[PDB]
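Have a look below at one chain only, the form solved without the named molecule, in structure tokens format.
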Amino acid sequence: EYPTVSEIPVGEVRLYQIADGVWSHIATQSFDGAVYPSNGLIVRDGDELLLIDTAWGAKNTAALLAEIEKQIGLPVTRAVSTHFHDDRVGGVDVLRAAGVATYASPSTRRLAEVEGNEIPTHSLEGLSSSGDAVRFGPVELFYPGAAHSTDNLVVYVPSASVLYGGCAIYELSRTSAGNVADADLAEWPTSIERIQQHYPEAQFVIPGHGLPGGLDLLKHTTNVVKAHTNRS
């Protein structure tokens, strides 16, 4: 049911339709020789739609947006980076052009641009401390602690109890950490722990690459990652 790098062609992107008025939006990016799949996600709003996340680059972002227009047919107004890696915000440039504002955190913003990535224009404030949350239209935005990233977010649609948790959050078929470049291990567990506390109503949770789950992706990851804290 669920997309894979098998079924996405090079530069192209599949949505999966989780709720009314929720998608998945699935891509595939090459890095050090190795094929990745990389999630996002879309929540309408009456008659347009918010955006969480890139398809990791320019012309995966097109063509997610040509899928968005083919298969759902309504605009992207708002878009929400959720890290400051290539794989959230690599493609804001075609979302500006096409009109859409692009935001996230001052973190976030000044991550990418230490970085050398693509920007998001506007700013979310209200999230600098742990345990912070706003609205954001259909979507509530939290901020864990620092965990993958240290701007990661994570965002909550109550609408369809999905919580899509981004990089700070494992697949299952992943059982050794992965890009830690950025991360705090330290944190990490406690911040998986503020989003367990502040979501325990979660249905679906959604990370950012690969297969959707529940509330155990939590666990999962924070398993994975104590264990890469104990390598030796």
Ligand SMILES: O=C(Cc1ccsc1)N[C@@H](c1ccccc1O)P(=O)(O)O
Second form
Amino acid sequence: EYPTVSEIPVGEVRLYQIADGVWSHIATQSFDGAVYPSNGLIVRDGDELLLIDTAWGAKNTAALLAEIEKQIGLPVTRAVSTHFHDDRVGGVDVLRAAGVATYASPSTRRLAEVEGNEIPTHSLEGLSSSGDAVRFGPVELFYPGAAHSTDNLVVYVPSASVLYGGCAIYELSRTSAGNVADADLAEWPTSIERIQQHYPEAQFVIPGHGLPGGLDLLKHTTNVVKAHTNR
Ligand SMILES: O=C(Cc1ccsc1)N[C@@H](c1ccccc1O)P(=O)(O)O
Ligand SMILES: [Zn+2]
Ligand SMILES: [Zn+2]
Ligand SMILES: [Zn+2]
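Any chance you could show the form deposited with the named molecule bound after that form solved without the named molecule?
What follows is the entire complex, opening with the chain shown before.
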């Protein structure tokens, strides 16, 4: 049901309806001779859409916008990037050129600039301290603390009980740590516990890569991170 790498030729984007007015977007990138899927989120707000994360690159993000227009037909008016790496901000320039207002926390914007990555236009206030939450249209944005990266945000859709964890939450099939070059391994389990504490009612949990599940993805991610810590 949920699409995988083999259903998505590189350059294409699939959409998957999770609930009324909530979709994930799924795209792929080739890297070091392997192919990786990547998820973002789309949330309806009246007659407009809020986009969470690019589709990992200019080409994929252009295709994302075309697929949204084909299948949903509502304008993407705002986008939020959940951390500074290329799989979340690569494509921001395409969004900006298409008239989408792009957003990230000020920490994300600064780290993106340092990395030479694309930089969302607007700065999201009120997310600088672990445990901070703000409403942004139809979602709540939450800063759980440092995890996969120091700036990583998660997104909750209260109407649908959908929790999008981005790259701070691993799919179940991933049992080894990913790229953790910018991670806070020491704080990551604590940050995951803040997510559990704030969204214990979540029914659908979307990882940054791979298959959705339930809140079981949180403790799974903690297990993987702790195993890596003790490597
Ligand atoms: O977006 C990036 C820029 C990046 C950083 C170091 S190499 C490439 N990497 C993502 C990624 C996904 C699939 C496999 C490897 C990856 O590192 P990420 O670690 O954010 O989830
Ligand atoms: Zn990352
Ligand atoms: Zn603006
Ligand atoms: Zn990622």
